[PDB]
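First, one chain by itself in structure tokens, the form deposited without the partner chain.
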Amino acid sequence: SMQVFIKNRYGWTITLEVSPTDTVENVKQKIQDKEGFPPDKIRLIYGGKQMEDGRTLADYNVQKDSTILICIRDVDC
């Protein structure tokens, strides 16, 4: 098991079930399943860096119970 939290600019936070080896795109696909956002508009930021689709959570040193910030391109970024 590994949970991470996804927080938007309004403070709304959700929990995802992931693994360290999941890609950033895998996380965007989970957010589309849960909330309906199109992945190509989801921007994820960790440690102030915009996260690349093809890199893994472990490549960003995202830990269990880490928070990743979300914003929607052309909507609220």
The other form holds:
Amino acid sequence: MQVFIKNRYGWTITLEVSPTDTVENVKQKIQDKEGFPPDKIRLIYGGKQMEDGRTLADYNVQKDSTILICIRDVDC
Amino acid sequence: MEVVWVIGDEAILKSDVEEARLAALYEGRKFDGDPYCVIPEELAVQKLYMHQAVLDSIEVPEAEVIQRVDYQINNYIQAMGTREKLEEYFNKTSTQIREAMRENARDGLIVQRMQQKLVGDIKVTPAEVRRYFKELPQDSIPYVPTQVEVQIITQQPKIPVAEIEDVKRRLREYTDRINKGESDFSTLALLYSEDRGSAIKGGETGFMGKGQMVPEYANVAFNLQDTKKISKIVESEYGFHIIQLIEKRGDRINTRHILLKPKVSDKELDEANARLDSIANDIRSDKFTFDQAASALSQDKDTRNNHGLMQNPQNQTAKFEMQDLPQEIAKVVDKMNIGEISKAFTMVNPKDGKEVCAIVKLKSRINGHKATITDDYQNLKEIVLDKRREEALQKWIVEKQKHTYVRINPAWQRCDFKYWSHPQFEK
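Show the form solved in complex with the partner chain, please, the one above being the form deposited without the partner chain.
In what comes next, the whole complex appears, and the chain from above leads the way.
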């Protein structure tokens, strides 16, 4: 149950999730794997900024779909 | 036609529009108007500012640009944790990133100088501030977030003598082997120089004016008489150098160098924090005050002459919102009472990239509140100032475009533009 995380600069990882995962948790799964601080992470799907207190189901995040990332005070 | 908008002899392309729309996307901007129209117009307004800046010879010294870039990179490393992540995220070396960032930093600083010139003489009176706010709804009073004042004492960790000696030993050995034909300068720089950006070019800096080099390096480099002699060991803020001349070409010199950095260990960081904790203990004992300790003992150039009081670059005052603080200080201050002195902690200062050790005192904390004219004047005044500045710049844009060559792609003719009432649709 995996999705792609992508920024605007050639960087993309694959991240293991569940549709029941909250957004602040995927942001934790990224800090776990790559070390970025989640209070600074911004996630975007279908052009909407992902509210922390919601789930991938709530945004209809499908599998092998791409989530966009930027980081506050770095690139957004 | 890929051209959207011409300003003078500069074109805004559809690809430029797409990039700006994606930037707005990642920033999560919300648009009251049509972004198809709003964004190209914003790109054209930017070109008007740059255009006027050419006419008015508004220039930004390269020094100030590099300082802003270095400041941002350091903030970036703080946000990303490590330099190595930052490099992965942009998928570029720190020096490639510095290069890319300089254009945007220069242009940003040019526009800001252009705007200050255009609308810097705007003033507001207290009566005007009161009026602006009296004349608005109840739910639209500005909230002033919690703001702290913070005093700091900093000390660099001490490098053990044996480590400085080890660096000097290697530099004399590199010097010896190159002089004797046993090793070439470029190979030793590739292998050993810790200036990453020049090392991969066999130590070559590229051409540089005297003021663009740290002074200890400039002194030594312009005294070099030929392309064979290796300079004496010279210490700079970056570490220890040996320098060889490549070419004097005009007023600027190209050199190659090998930079060695003495190592800071956990042992020296611990010892520095212990000296600072001892200083803190004397202040808690009232042997001397925090003000006196900062003025006598702190190595923080920016604050040591004013009792260690930190200055907020955001609002020009001593008042910080918690997010305007260096992240290591914010985290310590958050747990602190007024008047407390922190345990000593290691941080990376954002102005130079160097690990330093610090203690901070919480001078004051003012909890969040609705603003009042009596006690939050500066806060309310800045709001009103910024609105009057904005109104002046909008009026200026309308005058400037009437005196500038402009052409708009006719696929945008249905747009309601802010600043152009009857634009010419040729290009």
